[PDB]
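Have a look below at one chain only, the form solved without the partner chain, in structure tokens format.
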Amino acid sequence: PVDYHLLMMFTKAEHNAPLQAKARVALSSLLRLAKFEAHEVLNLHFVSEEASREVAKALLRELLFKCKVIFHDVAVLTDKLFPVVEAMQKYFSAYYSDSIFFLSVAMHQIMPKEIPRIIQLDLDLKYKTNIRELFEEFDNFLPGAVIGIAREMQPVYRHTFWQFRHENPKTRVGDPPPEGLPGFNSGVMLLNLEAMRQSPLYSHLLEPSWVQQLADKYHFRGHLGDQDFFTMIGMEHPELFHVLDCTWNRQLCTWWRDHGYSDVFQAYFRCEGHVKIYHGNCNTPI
């Protein structure tokens, strides 16, 4: 048998109608279109609390290749994360309870060594293709590339990196694609735990003094959590990241188009081609 792992955040879903609607659109599209071979098996991980764990199990019954469903305890992962991720919530969430928002960053240390690869996914997504196809992007990784991640389709990182761009007028940090680095979106993340455990550079970029050094270089104080870490790391060492085509995560949020970036917005939001996964971020309907 061959294992394919997906991870999803499903916290505070109890008495949440907007969230449960999203998780219905997401999980229904995922499973209705997901097709695997008979020997191999799809593993669906969830980090949820006892309360939302019930909500998930109840939702999966309506929608059930074998597909094993694993539930991770929110508190257990948080408690495991905290000693590793304390020194970077003061830069990317600029107190203890909010350690679970940096899960992707330390996925290799939290997950068992038995798991070599995982795809962490948002629940405001809509799947337009078979999810087995996305796993094929792992093969397109360069050696020394640890994370598969789609680029950010809003000029958020213009505003976040403002002081660095103010000081470096020639920089590509915060610039639109294809010539510039717009930053990353955390909605669809291909985490190569095997590569993460083995990459010395990534092992060092997780350390406090390194984080401090790099945040200070970019004058970085963000609020986007794990997404902020990868994005900032992506500016220094872009080769750690395998940039997924925009069609694998087409964010639909247009907030910044109407709140300051009307002119440059398109250069970030643009994504030509047949969409494979939609991302209805900032509550944008699909």
The other form holds:
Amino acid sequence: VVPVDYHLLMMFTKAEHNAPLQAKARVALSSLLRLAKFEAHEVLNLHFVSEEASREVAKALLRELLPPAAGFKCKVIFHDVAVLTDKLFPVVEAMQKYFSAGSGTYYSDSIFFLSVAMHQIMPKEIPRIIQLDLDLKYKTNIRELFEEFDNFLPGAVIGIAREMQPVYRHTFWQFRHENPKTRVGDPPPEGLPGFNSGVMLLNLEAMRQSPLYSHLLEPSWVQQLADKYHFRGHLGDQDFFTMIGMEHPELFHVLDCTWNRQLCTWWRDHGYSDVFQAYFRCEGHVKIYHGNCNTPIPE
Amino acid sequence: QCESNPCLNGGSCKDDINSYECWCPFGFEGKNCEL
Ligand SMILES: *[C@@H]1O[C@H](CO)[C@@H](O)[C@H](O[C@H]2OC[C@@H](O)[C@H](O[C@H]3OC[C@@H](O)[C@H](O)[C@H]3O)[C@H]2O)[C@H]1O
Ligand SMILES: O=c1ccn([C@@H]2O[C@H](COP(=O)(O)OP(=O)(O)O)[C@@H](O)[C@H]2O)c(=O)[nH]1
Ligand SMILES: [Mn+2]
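For comparison with the form solved without the partner chain, would you give the structure of this protein in the form solved in complex with the partner chain?
Now the full complex is given, and it begins with the chain already shown.
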């Protein structure tokens, strides 16, 4: 049989002496592996971006969890955060001042943009990868998410779920102020509430092959849009995708909210009581819970 | 990581060095929209 590879990617850095992160990782990876099923000729590739201390932590966690019950072939790969940072920087430098905490352009923030230039960082033998946070809980077989790739319309490069808090209502304040009729920052079903980067289907081939996407990476395009939108953030890739998603929604296949059910309610308590519900509403059978802002996941 | 700026103006991080006013979202007041 011709062996079929599946690729996932998780950030796992500064994990030594960070027990809350290790426990998050444990919850994520154990639910992931318990519920995954793959055919005999299929292999699950788990990519981790780690410095060397977090690599050893991850290996200790992984040996306790592998091989999986379901018995499918699983391969672990580590990528050096320092090597990726240096590769990302030329591509990612100019966007850093708009989307990092806070000013200006530091190496330590570069890795938060990994997804935006993943198509240039991963071997070309990797056509698609799903980047996932480690504060997740999987309620289904991860193999099912991969069929969302087939629903990408012509010209879409990335699959992503909506942001479930009014953080972008707040962020786009001045643009909203100047454009009373905009849907930028409004709740669903009809508004553009922005994206959450916890679960992302990165079609590396489509990204590589998109002339629009490639232009949007260029310093002067990043600058023109952040100026148009008066955009300032500190959430990295999420911010950049959210922003270019306002200009060019065709780039994004929007996933059902059930694939990334965010639980964070920080913004409810910081100025958005009245509208919070319209952003946070998510109905349907939950496939992945996302315990963002350290929010405990229900069981 | 920084804590989000509760103010509607300035940078994304709270206590933005380059900000002097704090425009709070409705129903909040204080130098960090506390009350
Ligand atoms: C404002 O600051 C507060 C206090 O530090 C944060 O809790 C807020 O961030 C929360 O609310 C908005 C979410 O977008 C955010 O979760 C995202 O963070 C970036 C990605 O790493 C991640 O995949 C995504 O879930 C959440 O932590 C902040 O807006
Ligand atoms: O010290 C850190 C902080 C974050 N992360 C990774 O980056 C993601 C973003 O942080 P987190 O999910 O805790 O915050 P959220 O943005 O979801 O509130 C995490 O899932 C981790 O995979 C990490 O590896 N080390
Ligand atoms: Mn998360």
